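Shown here is one chain on its own, the form deposited without the ligand, set out as structure tokens.
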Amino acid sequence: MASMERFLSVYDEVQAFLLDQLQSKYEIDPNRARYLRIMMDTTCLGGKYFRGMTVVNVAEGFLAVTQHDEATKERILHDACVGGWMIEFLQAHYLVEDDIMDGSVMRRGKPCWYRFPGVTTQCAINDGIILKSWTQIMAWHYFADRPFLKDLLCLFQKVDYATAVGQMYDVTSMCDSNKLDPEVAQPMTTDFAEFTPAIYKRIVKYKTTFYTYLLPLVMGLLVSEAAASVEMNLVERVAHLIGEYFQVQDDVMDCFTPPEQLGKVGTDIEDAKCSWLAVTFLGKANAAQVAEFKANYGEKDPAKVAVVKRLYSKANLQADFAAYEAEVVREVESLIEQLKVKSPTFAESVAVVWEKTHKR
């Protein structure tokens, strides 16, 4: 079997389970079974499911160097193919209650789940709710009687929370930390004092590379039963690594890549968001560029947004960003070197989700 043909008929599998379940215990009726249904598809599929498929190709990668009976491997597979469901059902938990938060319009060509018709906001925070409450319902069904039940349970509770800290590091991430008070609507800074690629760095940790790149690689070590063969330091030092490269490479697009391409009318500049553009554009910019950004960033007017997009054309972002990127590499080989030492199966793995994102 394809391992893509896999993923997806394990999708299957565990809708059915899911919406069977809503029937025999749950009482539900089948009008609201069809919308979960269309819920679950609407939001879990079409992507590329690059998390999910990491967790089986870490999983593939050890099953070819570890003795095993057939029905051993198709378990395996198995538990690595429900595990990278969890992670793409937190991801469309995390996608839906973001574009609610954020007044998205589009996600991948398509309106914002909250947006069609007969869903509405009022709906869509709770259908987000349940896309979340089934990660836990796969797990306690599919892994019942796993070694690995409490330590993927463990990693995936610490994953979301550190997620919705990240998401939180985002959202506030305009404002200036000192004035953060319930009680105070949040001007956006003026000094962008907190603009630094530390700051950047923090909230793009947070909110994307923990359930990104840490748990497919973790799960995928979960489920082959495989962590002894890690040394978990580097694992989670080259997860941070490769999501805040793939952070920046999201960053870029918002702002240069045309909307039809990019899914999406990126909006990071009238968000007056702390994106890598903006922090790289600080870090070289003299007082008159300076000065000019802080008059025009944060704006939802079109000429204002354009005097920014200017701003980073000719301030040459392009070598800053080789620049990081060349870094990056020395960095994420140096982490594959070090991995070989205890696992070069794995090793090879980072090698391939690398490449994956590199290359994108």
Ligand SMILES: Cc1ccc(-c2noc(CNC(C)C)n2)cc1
The other form holds:
2 protein chains.
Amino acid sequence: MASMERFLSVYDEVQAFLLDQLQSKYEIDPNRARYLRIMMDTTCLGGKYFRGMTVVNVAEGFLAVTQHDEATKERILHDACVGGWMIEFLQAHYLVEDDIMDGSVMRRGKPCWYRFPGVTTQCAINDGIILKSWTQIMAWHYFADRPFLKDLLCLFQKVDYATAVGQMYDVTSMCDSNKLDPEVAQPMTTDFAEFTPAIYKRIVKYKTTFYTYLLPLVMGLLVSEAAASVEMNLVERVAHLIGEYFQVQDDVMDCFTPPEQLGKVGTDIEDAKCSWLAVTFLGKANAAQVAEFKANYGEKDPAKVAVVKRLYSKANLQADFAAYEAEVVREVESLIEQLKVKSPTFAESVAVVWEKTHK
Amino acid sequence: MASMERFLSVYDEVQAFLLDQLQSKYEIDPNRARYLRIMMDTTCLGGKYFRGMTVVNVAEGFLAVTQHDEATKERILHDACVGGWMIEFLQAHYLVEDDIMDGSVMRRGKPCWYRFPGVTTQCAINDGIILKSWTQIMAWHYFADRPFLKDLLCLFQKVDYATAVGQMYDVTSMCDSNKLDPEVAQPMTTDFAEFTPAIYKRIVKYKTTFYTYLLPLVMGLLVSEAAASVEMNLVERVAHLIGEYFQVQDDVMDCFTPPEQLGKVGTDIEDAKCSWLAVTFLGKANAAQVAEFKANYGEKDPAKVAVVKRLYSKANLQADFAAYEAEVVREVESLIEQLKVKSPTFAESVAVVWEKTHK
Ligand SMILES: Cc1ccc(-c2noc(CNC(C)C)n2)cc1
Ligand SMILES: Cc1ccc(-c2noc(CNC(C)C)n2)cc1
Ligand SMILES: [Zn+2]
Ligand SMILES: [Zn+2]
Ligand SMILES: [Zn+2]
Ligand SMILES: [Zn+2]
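Form deposited without the ligand done, so how does the form deposited with the ligand bound look?
Complete assembly follows, chain above in first position.
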């Protein structure tokens, strides 16, 4: 059976299971069941399933090199699908809540969930909450007597928290740390002294890399009972690296990719985002350019936003990007190499992820 | 050591642990640490700790009748405190998010967390997320090799989901189920055909009773390894009952308790809440009263809200309340009785909860 076909089938099974359990154990009525079904489809379907499918692809890899009965192969593949869906639903949770937090308009060329006329922020905050509880209902039901249950839940829990800590670093990234105070409305930074590579790297690592890269790879290993074909410090380093690279590209596209293709009008300039472009720009600008940057950044006035774009184009950031890219390629290949010692299968799955990321 | 003193001490220890782990493992900086410390104190302290302290009080009960070394007594009491705090933090999560959802103004005579000038909805949604992840960080750290870890996490997870399902029943309680549709803005009900005792009881059971009553009692039993001194169906029924009673009283106070004492201006009338008062009023009104109810309910126009209050006063709802109260007292005492078979200690703790609730 092809992997996508399995993964999509498992969605319909898990949806049926969750909705049926609401009826049999939570006294739900059909109209509310239908609301949550539509919620689930609208927030969880329609992407490329990179994160979910990685869990499946990692598991498929170990299946080729490990002796198993047929029924075990199926159980492993089914576990990989459910685990994959746990990450997609985790992602959907974060996307629903982030869009509300940020006052976002569109997501995947369609309106954000909270904007749907019969949803509203009042319901959508809680719909996002339910998405994440669904990930745990899946794990407890499907993996009830799996040996990996404890480790899986512990990992998931750590990644979730990292993500939320990351979101916090992200939403406060235009503030001066020394001014943060729940009592005092927060001004945007004037100096941009916290627009550094290290500070940037901290936001992306917590906000994105743990749930996008670390979680699917390690979940793959857990459902395959293969945590011992790898050096966990290595899997960490390579994920944080591929993950960083991922965010550099979406920081670049937020700026220089028409809103048609982005599936979203970019507002990193006007949100005064600590993006790779602003940081890298500030690491190479002369004094007159830094002053012009500061006079325009974080302003919706389209004219000021077109000034920030001008400065980035002028400053030749594509050269910095290709330099970054060359170094990331170096480091990723070296890490892949170090992964091949213990597992060529796992190293090949990390190679396949990095490819999809790069292209 | 007195129980409150222990419980508050354990707060300072758990706060220190969580903040220290952010620094040592999540690369946090001191100013963000201070933000989250203030967040934690402002959202989690200041209440009566009924839910948290019940876990402690249940555990104290079994300590009197069970042979244990001193070090075990302390470990059990310490576990009860941490578990208690897991419920307070769960509650804080729900209060932070509900206040945002509902556009609430005050909570405990102080502004809702999201209203604080240096917070904003953008941060407060995520602060609420962190509150709930903190409950899991506590459990995994403090209860890492406890035999009850699995059961505790499973229970907590079920209660959390129930609560979120409950919130959903609550936020959609003024809609007609047959009209719910994420595509179509939701009108308030015209007929009030879903303002029934059964429908009311469904909202309160999911929204409140699981986290407020079931969770503290069962968590008490789990940390005491005493799940076998009770009949779990009984503990369920008595909690759902005391819990329902709880909501009937706060539905009454939302209306007839000055905002000074409530710690919050009530808006159940103008939110068109399925409260006990509206339901009970509709179960006894004549046709002219139902029509007047319908012409005023769910409207901020204070004059219309004063009409709804008039109708409730006229309709003699206090008599219905005392009738309800007499029946709840009957049923609770009968359940206590059925609990005494297996455990007089547990039955006495359920007696102590019901007292605090009643008074
Ligand atoms: C585990 C994992 C996670 C994310 C990705 C990924 N995300 O976006 C892309 C493709 N973005 C190109 C088309 C610009 N690949 C791949 C693997
Ligand atoms: C386990 C648990 C949970 C809640 C309560 C409770 N809540 O509020 C009150 C007191 N409300 C009176 C002063 C009107 N008792 C008690 C025990
Ligand atoms: Zn965001
Ligand atoms: Zn972006
Ligand atoms: Zn509410
Ligand atoms: Zn209320």
